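Student: Below are the chains, spelled out letter by letter.
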Amino acid sequence: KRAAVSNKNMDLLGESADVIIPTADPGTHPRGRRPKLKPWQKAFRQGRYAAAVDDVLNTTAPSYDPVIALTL
Amino acid sequence: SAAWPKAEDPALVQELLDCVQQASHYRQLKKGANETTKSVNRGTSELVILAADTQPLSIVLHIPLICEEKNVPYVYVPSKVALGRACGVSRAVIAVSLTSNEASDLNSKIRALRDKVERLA
Amino acid sequence: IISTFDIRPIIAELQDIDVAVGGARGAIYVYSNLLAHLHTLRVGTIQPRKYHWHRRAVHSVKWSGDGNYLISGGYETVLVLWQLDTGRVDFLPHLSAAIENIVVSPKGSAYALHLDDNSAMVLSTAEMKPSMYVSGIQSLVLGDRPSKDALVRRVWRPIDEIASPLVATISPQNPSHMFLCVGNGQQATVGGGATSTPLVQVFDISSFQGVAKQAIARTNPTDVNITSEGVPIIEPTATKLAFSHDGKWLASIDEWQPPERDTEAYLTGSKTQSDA
Amino acid sequence: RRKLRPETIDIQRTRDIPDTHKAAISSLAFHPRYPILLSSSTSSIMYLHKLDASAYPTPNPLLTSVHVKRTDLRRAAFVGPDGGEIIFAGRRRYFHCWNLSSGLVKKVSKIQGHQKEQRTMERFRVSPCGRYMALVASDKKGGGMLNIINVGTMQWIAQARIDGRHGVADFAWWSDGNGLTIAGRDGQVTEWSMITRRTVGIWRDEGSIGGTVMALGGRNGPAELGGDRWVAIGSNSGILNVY
Amino acid sequence: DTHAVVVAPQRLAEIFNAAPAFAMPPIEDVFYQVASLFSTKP
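Chains as they are written, first to last, in the authors' numbering: chain E, 385 to 456; chain A, 6 to 126; chain Z, 289 to 299, 307 to 335, 341 to 576; chain W, 253 to 495; chain G, 915 to 956.
Only chain E is shown next, with the shape it has when bound in the complex:
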């Protein structure tokens, strides 16, 4: 894939420009990768605790960590 303009040249352009409109929220991620959600968290937060606890407590899973378990 090839861009029209990459963000870097867009940034040079904004430096050249006069008034710069900051679209980014003042005080979240500038590149805009946010902290994304993990499934057990999403379940806990909505309120399906059975599924939340189980997805943590599968011990066969490669991401299995007791410290997650203790936090949940």
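Hints are computed from structural coordinates only; laboratory data are not their basis.
Where hints are given, some of them may not hold.
Within a straight-line C-alpha distance of at most 25 Å, the following computed DSS-like cross-link-like pairs (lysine-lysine) qualify [what the hints assert, rightly or not]:
id, chain 1, residue 1, chain 2, residue 2
1, Z, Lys407, E, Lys420
2, E, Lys420, W, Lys302
3, E, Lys385, W, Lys392
4, W, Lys362, A, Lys114
Sample of chain G residues with no beta-carbon within 10 Å of chain W, all distances over it, derived [claimed, not checked]:
id, residue
5, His917
6, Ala918
7, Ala933
8, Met938
9, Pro939
10, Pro940
11, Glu942
12, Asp943
13, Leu951
By construction, the Cβ of each residue, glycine as well, lies at the ideal position given by its N, Cα and C atoms.
The hints should help you fit chains A, Z, W and G onto chain E, whose structure is shown.
Tutor: Same frame as chain E, now just chains A, Z, W and G:
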């Protein structure tokens, strides 16, 4: 009327037009009444599409006889000038007919298309 | 029970009205064609539409703007925009406390939110960043209107009560600034019976405005206010708190425990629930 | 300005707009009262120039050069008979209103229970009455829809749905504002009212395979279709009809 | 409001080169033909 394998089904018609357009880019498609009839008599053809709304319909009524004889499917669209600028020539083709080759995805599309026409029958 | 209501007119005359009631049951009924339902012994059937979101008490339902949208503000810290032409509901979910009062601007462009913890922010509609903010001292209040949610004998009953001095201090090296412990809001804090003030605001004495806010204990503002049994969730509360001599350090201390109505199965011998 | 004769036209080339962009120009519009040109190019750049040939030391000065971060600017537009607002939208899932009066720049980001339908706000057109705005739902599937959003409060208030085979090519606001004409690919033309907010009528461009652009104008056309007169439809194949 | 007409010069030439000058139908007839072509009336 006489246009008894009428195809008014909209997604069907759109697939037919697009297949014609692709075939026009593949040079495997003959534009016009006279040439359609030549192609079917020489047998090379594999499908033929006509237009219902010609004013004397009789100038295309001769095609279904031959194609019933030499056994190739035919089907009517409702709009001649649509067919024409589907070919891409700017003048309302009344009869287009598109033929076979050896190895082409376009040949496959033709086979599925004539299956759809035989469904419509 | 009618917790509140808001009218909307149907028009140099007034041709009909449609008036919306909101109830502490957790419901929002709307009435549609009132003037001709009632102007004409016998009258036809009437039936409110029922729009049900909250579990707690809706504090304030207002007709919107056009009259296309029905906005709502509740205990559960979340301002709902009922779509009312479809079935849908699109909503601003995370406020710092109970939405206590809203009003719709002259044009449809601004909302005013009296946030139950004694503040106010003006929004523009559909941009939802608060263009305006004014907060208050955020403390614990003997409130005059008793409640909106205490009408229907909830499991933990709300009592306007005070059980502790409001933990606070003044700052050396900045005497205009006072630190004081606070909860999500007043009502959510005093709810659950116990004090739940895991938060600090810093407030100015000279100009009695808000200055800032921060957390101390674990806070989940991002979360359901209510455990599924139907109870406000208590959140850890800092008993003592004092300031450093230079103005550079701040020591809080928090205590928390489970609820006696949770424990309930840890009873072994003479074990009681307060003990546990 | 003399009224114009039907085979030739006294066209005069003028001074170029001086500052060029850094990619292909994507949207133009003029301010509806003062001759001031909004250009807007993919390089995230909006230019306001004053139209002046005889200006000095540079003709057609640039009033301002406003950059927008992180987005492109596919379509900009003037809003309001008064030309109150400037509304611009790139590919990215939000868009912006710019109030020239007081110069505030509100960033609008939410479409009230269609937010999953619209993963882009690329195309849009504003009513000449300047109250409504129409966004297109990037969800093709047998038929495309365009949402109607009050610029009174930037709220969702309507969603016209037309049949197609790919969705909506283009559309235009009728000159009164009351309805809007939706030219969807495979040449369907819906005319969809606003006051009734249900489709008035359906008809067909005369057999064009894929409609790409339409637009609409003229005076003393039939009032119950809004009172616009000529309507132009442009195919993919290149043939362009006028009705 | 009305404007200047637009005609196909092939049409005008067709009108006249239809027939030779002698035994051409008379001038009032051909004038009605031509003005009817140039008529500004839908």
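Student: Taking the minimum C-beta separation from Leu951/G to chain W, is that value above 10 Å?
Tutor: holds (16 Å)
Student: What's the verdict on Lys385/E and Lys392/W, does the C-alpha distance respect the 25 Å limit or exceed it?
Tutor: holds (23 Å)
Student: Please work out if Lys362/W and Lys114/A have their alpha carbons no farther apart than 25 Å.
Tutor: Roughly 43 Å between the alpha carbons, so the hint for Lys362/W and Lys114/A is violated.
Student: Checking a non-interface call: every C-beta of chain W should be farther than 10 Å from the C-beta of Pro939/G. Is that right?
Tutor: At roughly 30 Å from the nearest Cβ of chain W, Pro939/G sits farther out than 10 Å, so the non-interface label holds.
Student: Just double-check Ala918/G for me: nearest Cβ-Cβ distance to chain W has to come out over 10 Å.
Tutor: Given a closest Cβ separation of 6 Å, the condition is violated.
Student: Is the nearest CB of chain W more than 10 Å from the CB of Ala933/G?
Tutor: Its Cβ never comes within 10 Å of chain W, the nearest being 29 Å, so this holds.
Student: Examine each Cβ of chain W, and state whether all of them lie more than 10 Å from the Cβ of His917/G.
Tutor: Label violated. Min Cβ-Cβ 6 Å, cutoff 10 Å.
Student: Taking 10 Å as the cut and beta carbons as the points, is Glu942/G off the interface with chain W?
Tutor: With a cut-off of 10 Å, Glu942/G remains clear of chain W, as the shortest Cβ separation is near 29 Å.
Student: Check the hint pairing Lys407/Z with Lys420/E against an upper bound of 25 Å on the C-alpha distance.
Tutor: Distance of about 38 Å is beyond 25 Å: violated.
Student: Verify the proposed pairing of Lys420/E with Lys302/W, using a straight-line Cα cut of 25 Å.
Tutor: violated (46 Å)
Student: At 10 Å, judged by beta carbons, does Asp943/G keep clear of chain W as stated?
Tutor: Its Cβ never comes within 10 Å of chain W, the nearest being 29 Å, so this holds.
Student: Per the stated criterion, does the least C-beta distance between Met938/G and chain W lie above 10 Å, as a non-interface residue requires?
Tutor: Since the minimum Cβ distance to chain W is about 30 Å, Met938/G lies beyond 10 Å and the statement holds.
Hints 1, 2, 4, 5 and 6 from the earlier list are contradicted by this structure; the remaining hints agree with it.
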